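What follows is part of the complex, with its chains left where they were.
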Amino acid sequence: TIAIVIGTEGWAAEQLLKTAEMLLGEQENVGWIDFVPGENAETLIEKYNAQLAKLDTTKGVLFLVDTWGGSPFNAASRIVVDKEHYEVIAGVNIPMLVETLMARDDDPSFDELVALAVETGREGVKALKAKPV
Amino acid sequence: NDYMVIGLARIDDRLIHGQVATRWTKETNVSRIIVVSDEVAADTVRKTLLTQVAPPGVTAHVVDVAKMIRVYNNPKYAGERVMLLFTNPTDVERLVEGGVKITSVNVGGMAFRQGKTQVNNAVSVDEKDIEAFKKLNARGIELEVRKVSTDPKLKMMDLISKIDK
């Protein structure tokens, strides 16, 4: 399947994956990294590369990161730059992770998966508000 | 048998929870979902919310056990594949007694509670739930326990056999 790597400031990436697996069961072909104060983008590039070495990246790689412009995002950006089937998507949330992991098994094309991740991530943000009676 | 076709029977006191209904809907190829519960049917507020969050392309219906037996007695859904959602195995034995045909029952999840015994990570059974499962098994009906189709399938009798003799 298409490889997924999750990166956030701190230690949240591992937990977002754990949460997803609590919902979907253990996942294959997924990696994650942490970012600790004192580290820079170059440290992170190495961390991402070490994770990729263990993943099947033949169909592509989708980096799901916490926020646009942070170190995790900047480092991932440097890796995907002139690579086909490599993308970085900021704002990772559980709806995005769950929908993306579910679709991945039905072997979608890379563009299809990227589009689904952005759409489900955004549609997943919703307020309860008053309900009709 | 020449009437509606039960694509799958999932038991869950939460009905739709997480992507369990979304993933199970696509894998089970289900375009219709019917909820059988008198307590929920009496909650107009909950019915509205469940109907407004019904997955796209999928219709969610809310009916009572007595009304459900009649909907199945109508060939209007013949061949149609529908998923049955229950909150307790007691309501499943009732449909069978009405002449409903069930080949197997899948346990999705059951809120734990005091006085009950935990058989799985989130599945609890009381002397009443166990008694219903034994009757279904005595009828040759298969009972499988699993939270997601990607998780290993376990036999309800095996889990209750290592607890209740």
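List of remarks:
The letters A and B name the chains in turn, as written, and every chain counts its residues from 1.
To be clear about the criterion, contacts are C-beta pairs under 8 Å (C-beta built on N, C-alpha and C of every residue); 3 or more make two chains touch, one makes a residue touch a chain.
In terms of the labels on screen, the copy numbers for the complete complex are A x2, B x1.
Convention: only the chains that are shown with their structure count from here on.
For the pair chain A and chain B, the distance between mean C-alpha positions equals 34 Å.
Chain contact summary for the complex, chain A toward chain B: residues 23-25, 98-99, 102, 131-133. Partner chain A is touched in their complex by these residues of chain B: 18-20, 22-23, 26, 44-45, 48-49, 52, 147-148, 150-151.
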